[PDB]
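Asker: Each chain, written out:
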Amino acid sequence: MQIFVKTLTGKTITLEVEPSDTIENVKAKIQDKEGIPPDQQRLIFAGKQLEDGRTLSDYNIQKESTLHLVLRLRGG
Amino acid sequence: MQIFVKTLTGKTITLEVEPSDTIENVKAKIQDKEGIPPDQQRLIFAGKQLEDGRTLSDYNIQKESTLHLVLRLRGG
Amino acid sequence: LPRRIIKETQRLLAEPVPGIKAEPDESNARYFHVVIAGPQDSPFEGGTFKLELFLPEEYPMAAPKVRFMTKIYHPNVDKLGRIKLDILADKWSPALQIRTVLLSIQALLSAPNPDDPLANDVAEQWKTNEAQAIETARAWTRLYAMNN
Amino acid sequence: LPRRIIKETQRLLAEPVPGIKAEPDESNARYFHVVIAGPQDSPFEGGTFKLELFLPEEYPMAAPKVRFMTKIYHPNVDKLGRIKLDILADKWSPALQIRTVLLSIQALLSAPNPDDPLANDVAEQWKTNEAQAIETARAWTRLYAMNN
Amino acid sequence: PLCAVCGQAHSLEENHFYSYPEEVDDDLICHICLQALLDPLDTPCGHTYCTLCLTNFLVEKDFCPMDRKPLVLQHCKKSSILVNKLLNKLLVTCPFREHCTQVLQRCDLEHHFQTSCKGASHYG
Amino acid sequence: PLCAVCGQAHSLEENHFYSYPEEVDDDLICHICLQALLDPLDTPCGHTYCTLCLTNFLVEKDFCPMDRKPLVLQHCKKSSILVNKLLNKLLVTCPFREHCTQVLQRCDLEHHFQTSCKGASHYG
Ligand SMILES: [Zn+2]
Ligand SMILES: [Zn+2]
Ligand SMILES: [Zn+2]
Ligand SMILES: [Zn+2]
Ligand SMILES: [Zn+2]
Ligand SMILES: [Zn+2]
Numbered sequence: 001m002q003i004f005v006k007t008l009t010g011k012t013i014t015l016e017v018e019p020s021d022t023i024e025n026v027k028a029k030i031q032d033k034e035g036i037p038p039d040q041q042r043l044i045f046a047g048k049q050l051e052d053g054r055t056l057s058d059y060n061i062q063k064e065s066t067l068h069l070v071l072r073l074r075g076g
Numbered sequence: 001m002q003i004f005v006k007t008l009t010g011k012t013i014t015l016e017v018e019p020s021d022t023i024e025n026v027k028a029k030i031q032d033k034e035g036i037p038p039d040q041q042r043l044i045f046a047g048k049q050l051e052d053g054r055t056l057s058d059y060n061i062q063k064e065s066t067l068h069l070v071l072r073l074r075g076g
Numbered sequence: 004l005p006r007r008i009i010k011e012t013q014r015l016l017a018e019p020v021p022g023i024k025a026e027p028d029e030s031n032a033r034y035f036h037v038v039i040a041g042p043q044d045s046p047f048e049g050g051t052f053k054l055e056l057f058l059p060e061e062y063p064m065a066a067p068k069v070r071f072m073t074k075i076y077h078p079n080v081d082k083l084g085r086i087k088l089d090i091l092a093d094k095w096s097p098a099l100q101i102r103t104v105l106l107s108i109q110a111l112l113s114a115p116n117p118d119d120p121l122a123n124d125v126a127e128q129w130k131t132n133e134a135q136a137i138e139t140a141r142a143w144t145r146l147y148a149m150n151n
Numbered sequence: 004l005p006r007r008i009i010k011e012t013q014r015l016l017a018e019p020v021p022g023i024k025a026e027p028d029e030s031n032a033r034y035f036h037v038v039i040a041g042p043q044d045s046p047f048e049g050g051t052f053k054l055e056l057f058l059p060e061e062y063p064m065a066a067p068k069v070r071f072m073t074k075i076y077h078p079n080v081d082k083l084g085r086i087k088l089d090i091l092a093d094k095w096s097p098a099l100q101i102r103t104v105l106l107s108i109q110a111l112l113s114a115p116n117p118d119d120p121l122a123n124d125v126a127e128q129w130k131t132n133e134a135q136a137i138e139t140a141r142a143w144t145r146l147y148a149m150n151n
Numbered sequence: 002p003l004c005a006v007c008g009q010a011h012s013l014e015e016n017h018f019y020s021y022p023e024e025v026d027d028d029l030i031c032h033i034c035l036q037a038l039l040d041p042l043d044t045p046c047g048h049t050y051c052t053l054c055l056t057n058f059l060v061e062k063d064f065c066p067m068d069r070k071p072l073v074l075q076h077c078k079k080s081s082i083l084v085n086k087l088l089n090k091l092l093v094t095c096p097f098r099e100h101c102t103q104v105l106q107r108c109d110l111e112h113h114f115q116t117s118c119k120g121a122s123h124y125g
Numbered sequence: 002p003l004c005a006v007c008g009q010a011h012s013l014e015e016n017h018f019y020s021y022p023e024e025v026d027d028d029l030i031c032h033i034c035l036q037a038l039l040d041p042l043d044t045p046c047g048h049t050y051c052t053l054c055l056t057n058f059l060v061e062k063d064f065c066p067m068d069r070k071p072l073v074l075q076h077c078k079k080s081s082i083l084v085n086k087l088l089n090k091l092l093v094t095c096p097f098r099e100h101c102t103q104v105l106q107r108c109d110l111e112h113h114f115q116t117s118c119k120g121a122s123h124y125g
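Residue numbers (the deposited numbering), protein chains in the order written: chain E, 1 to 76; chain F, 1 to 76; chain C, 4 to 151; chain A, 4 to 151; chain D, 2 to 125; chain B, 2 to 125.
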């Protein structure tokens, strides 16, 4: 399958992934594209902050989905 | 008027010029575009090597003409 | 009105973010009427949470000011509806835009961190009774967020 | 056959140079059958001057080898049709391509420099009698360059 | 108070102001001002910003606003000729639209004003 | 004798070998090898070349073959992230055309081979 990741400005890009790719895997693929390291990357999907250990399977991020990218965060 | 200058690779670049522009004027316009200084530029037109003192007028290089660019030369 | 502001504003109205409606204000353009969706799997599910967002006149060297208007039972939001999020203070960069701020606030509804400043006896309720905090939040969502 | 060679060859056949016909050879591709036009205002006017051009197997670290086949009365060309031009020897760079070499040879027909190592008693005729050198060149052009 | 290079009005401390009829590539958009790069400075960090955009940021901060790396302005350099070209050949349209109606490459605009512009001749 | 990254055959001392179905911009073509840049090295001079292409040139010469400026290889650096991106997102097509028939971004090819390529699975 393939997913979309909307990056900082809005220039949308696509990633080649499959259901058991971890969010850690996806955050090295966005380092290939946008030149941002996986440690200052946070991925949002449906309002939920996607965790680094868990898979694309764990949030049902199927074919044609659009993840969003923000530059590191900490609430509180 | 405007002329064309075919640069190193094969690309064509357009220059805004008028009939009394010297070839010295034209070789600073190709320094703006291609980042090559006027001292290691030679311009060919109809097989004739275009001289630095003389004008576009002096070789009848009118509207729509295509000058060619080579990176310095010396015969002998 | 710095050109960047304008370009951001249009790349919101043209390119929306789902469950995040953000228009500019007519009285003064540096000032947005934001509305965030109660996210999936959160106790805020199906709430219409209204926000006001404002760009100071040193945007984007300084970050935007953002404040909830809708009352919501959440550690990192307060009495008057201001938010504790580092991208709005400690770790802001002109790299970030309005849309990034709005996505991180949405993220915060799905990840309420009781480590606030003191976040009332609300963060204290979250850390010592998650069960009934989820409950209460679900109530403030129903009883203050359903525009109906 | 190094990819560069191929790309150059096609950016000739697609993007020709006026009064300079250059095809590659069928027997071996590193080897071009070139034909240059006797330029305007030169004593070589309206001559069909055939050349052979060859890429050594260290192209483009080393320059191409170029030789006139048509006989021509010119200081910087010799008996066997080889040429004195610095971009073919002293000041060559992989920056340059086939097309650049071919344009500079055309330029050389319009600017015959009698300063050669010697250039026969042809450069000696050019420097001591330009009138009759122009004449003789015009004759070798007619009597050896008009394909008829 | 109208600008010699770009035909718009702005202060000596602001970037020039162009009007791109075709869509500019995002990789050529400076992160600070969301516009196409002008006078691009590569950082040691490896990022690229407009000269004035970065210099202003570094008046009172000190980091690459992209990966929070400490950044002395002094250490930054002008970008590769490649970069500059890609930018210079971006199409802009004439500022003086209700006079002149000309599309052309960014770099050429300044001269287009002095040679063949009824708008910049008239001034306004 | 087939290459892990690009799916073509070449020696360790040669550049990788891609197949661009769309037209690459000339400003991204290395002057030495007339191909799209790979592992681009900016020179101090201000020009940009493939790593291997420039390093080889500088085995036996010592100048920016563009303006004959003296050039110690040591002084050159990797290009801006901007440059790298522009290149990485250029489309290539799969080398193994008679199994797999896939267009994709250059950078992703290496991985496309390990995940979803019947050609690179079969090897040849
Ligand atoms: Zn201006
Ligand atoms: Zn800028
Ligand atoms: Zn105009
Ligand atoms: Zn390879
Ligand atoms: Zn190369
Ligand atoms: Zn494949």
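Warning: the hint list may mix true and false statements.
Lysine to any residue pairs mimicking SDA-like chemistry, simulated, CA-CA at most 20 angstroms apart [what the hints assert, rightly or not]:
id : chain 1 : residue 1 : chain 2 : residue 2
1  : F       : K11       : F       : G35
2  : F       : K11       : D       : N89
3  : C       : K68       : C       : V38
4  : A       : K10       : B       : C46
5  : A       : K10       : B       : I30
6  : D       : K86       : B       : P45
7  : F       : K6        : F       : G76
8  : D       : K79       : B       : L59
9  : B       : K62       : B       : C46
10 : E       : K6        : E       : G76
11 : A       : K24       : A       : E61
12 : E       : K6        : D       : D27
13 : C       : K53       : C       : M72
14 : B       : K86       : E       : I13
Think of the hints as simulated: they come from the structure by calculation, not from any bench.
Asker: So, against the hints stated earlier in the document, which numbers end up violated here?
Answerer: 4, 7, 8, 10 and 11
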